[PDB]
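Just one chain follows, in the form deposited in one PDB entry, and it is written as structure tokens.
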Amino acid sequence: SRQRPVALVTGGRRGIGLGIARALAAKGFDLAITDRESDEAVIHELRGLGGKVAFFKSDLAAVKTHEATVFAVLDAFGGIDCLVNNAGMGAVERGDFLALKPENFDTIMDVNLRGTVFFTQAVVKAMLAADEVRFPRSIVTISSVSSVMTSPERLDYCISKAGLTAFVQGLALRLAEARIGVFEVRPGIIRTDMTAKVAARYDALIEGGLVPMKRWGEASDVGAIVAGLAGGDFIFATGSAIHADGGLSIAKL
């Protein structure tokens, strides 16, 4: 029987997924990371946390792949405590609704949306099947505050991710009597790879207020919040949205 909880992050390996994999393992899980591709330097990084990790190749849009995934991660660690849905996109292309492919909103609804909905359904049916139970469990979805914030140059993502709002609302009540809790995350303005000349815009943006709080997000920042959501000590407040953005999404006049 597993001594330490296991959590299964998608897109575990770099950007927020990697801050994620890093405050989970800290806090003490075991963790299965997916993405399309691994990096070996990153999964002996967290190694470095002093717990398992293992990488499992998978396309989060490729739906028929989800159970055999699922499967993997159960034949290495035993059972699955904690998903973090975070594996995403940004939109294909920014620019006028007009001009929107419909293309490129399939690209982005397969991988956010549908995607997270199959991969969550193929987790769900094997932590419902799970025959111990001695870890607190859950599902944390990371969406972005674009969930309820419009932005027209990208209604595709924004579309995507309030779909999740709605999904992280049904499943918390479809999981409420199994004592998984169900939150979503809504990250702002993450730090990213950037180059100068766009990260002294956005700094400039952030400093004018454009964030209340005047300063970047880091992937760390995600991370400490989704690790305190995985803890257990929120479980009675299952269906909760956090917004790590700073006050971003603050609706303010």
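Residue numbers count along the first chain shown, from 1. We call the rigid core the largest set of C-alpha positions that still match within 1.5 Å between the two forms. First, how it differs from the form deposited in another entry.
- Among the residues 57, 47, 201, 214, the single one whose Cα moves by at least 2 Å between these two forms, once the core is superposed, is 201.
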Contents of the next structure:
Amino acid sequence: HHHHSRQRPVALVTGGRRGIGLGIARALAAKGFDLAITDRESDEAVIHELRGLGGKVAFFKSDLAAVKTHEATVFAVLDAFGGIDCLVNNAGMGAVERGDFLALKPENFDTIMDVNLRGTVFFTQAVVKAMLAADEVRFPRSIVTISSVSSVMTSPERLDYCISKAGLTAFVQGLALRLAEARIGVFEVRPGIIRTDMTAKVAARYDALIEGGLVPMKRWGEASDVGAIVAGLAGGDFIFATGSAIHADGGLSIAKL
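Same protein, different form: I have the form deposited in one PDB entry, so give me the form deposited in another entry.
The text that comes after this line covers the one chain and nothing more.
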């Protein structure tokens, strides 16, 4: 129960209490991963549900923006599981206030950059330190970062959100190179329009946009769509595809005229 040769691979999913992160966690548990979930607060019903899929599941309280606590969080994961095979950088937030770029406030820019970009980058640094020190490597290893189609499609009413995600796109490319000899597959997943709490406030507009054809596959994405994709990348069949970006968007980001 301390220092836990492991029989199952270990995925660390940030922001895994709900939404896309929970869909990812369910998919990884179904493919046979033990789960270390982080989030700002716990949901005991969630942990129970995930435990009903047959694997080991533990929750770790963490503010992704609090970079000074990341090393301790990674220590807690290692003490509970012995190693980390898959990191899913999922936790993130939308813009504090959508509106004219001329009204964008620096405090709001800072909040979202601190979480989505700065927090993700140094949480990844803390985990990679542990992965590179792993004495044994018996499972495929991956780092999957949930960015957004907003990395490559701009929304002028929330340029702080777009900038933070585009920064992740750049970070993934460099991280892939840094981890290539360690045989850690490094991938970017760009969700489009997914049914979660982050899109609930804009749900009516996105409804009509989806009926109008904005999304070529003409439906909302589900957290289980992103989860199936992430679990596919974490299984090891895509190791030689390190550096690839996957668009989990039903074709939304296909440029068309």
